[PDB]
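Please read the structure below before turning to the comments.
What follows is chain A.
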Amino acid sequence: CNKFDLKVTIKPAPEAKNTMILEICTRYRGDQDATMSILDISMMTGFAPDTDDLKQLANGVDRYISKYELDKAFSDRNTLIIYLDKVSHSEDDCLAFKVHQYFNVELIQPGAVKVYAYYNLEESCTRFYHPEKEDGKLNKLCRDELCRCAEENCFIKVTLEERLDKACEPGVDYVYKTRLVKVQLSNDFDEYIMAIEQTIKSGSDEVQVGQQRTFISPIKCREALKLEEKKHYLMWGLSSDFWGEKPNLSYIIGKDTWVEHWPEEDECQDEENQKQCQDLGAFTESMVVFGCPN
Partner candidate 1 sequence: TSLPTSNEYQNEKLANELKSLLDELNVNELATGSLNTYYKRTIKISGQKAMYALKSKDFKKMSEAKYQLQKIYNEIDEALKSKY
Partner candidate 2 sequence: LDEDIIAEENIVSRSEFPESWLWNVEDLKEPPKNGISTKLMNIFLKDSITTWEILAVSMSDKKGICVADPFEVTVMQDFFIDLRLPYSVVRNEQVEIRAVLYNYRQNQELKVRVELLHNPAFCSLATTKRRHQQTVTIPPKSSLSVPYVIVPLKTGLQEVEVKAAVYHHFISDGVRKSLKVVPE
């Protein structure tokens, strides 16, 4: 960025139940106010600008939108440029227009704004926006320099049978009963240092009983799993959940992974936990002595 500033506020309006307000704020980092400049906006799948608003703007001075773009039916307007006669070097020049979702969808991609002066395009800045995603930023998982995609689902009527099934698929490669030592967290990616209490089915990871293994998850999954320390756990996943090289290996908290809170010795004495502690127990023997039916 640096040549331009860009603050894109995507807020809901007061007073449908979906419609909101997009606000765009730009300033030029220089001595004079920039000359003619471009705002290259795009709508979030499902939205498109309120027209009555867009006109308002174009009537404005310092600003203009081409007839060509006005005439189209709001529905047909999923990108759109707003030309500017200037952008102040001094303070932020801002504006906004109500957008409306007319279309019902799951997984709504983020819109984005872009700015620059007509003369030079490589000196642009480019801010995303989105209702849930914090910064209009997709969900990734990056340690140091290596990133991998995490826009999938968190992990996801349980019978010893439903487990002797899902737990023999191709992906499954590690099946563990592990106790959780350290519960760390960060603004980006929280981790977990769980030590392995019994290697139920060994994987491409040469890990002896007792050793500690480091799992990770996106900061957006705090709700999916109630985290407790010294709480024992049953879990399995794939060997594609492996992070970086050996033997400093890690585990990735994904969709293809399964998570269930393994009760405690004297907690299973309860008369509602029994339906579990038993299924579990059996599962243990059924995976150690026999293995997978296939």
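Here, contacts are C-beta pairs under 8 Å (C-beta built on N, C-alpha and C of every residue); 3 or more make two chains touch, one makes a residue touch a chain; residues count from 1.
Quick note on selection: all candidates are chains of the complex that A comes from, given by their letters.
A.B. asks: Which numbered candidate touches chain A here in the complex: 1 or 2?
C.D. replies: 2
A.B. asks: Inside the complex, what are the residues of chain A that reach candidate 2?
C.D. replies: 42-43, 45, 72, 75-76, 78-79, 107, 109-112, 126, 128, 137-138, 140, 142, 145, 147-149, 151-152
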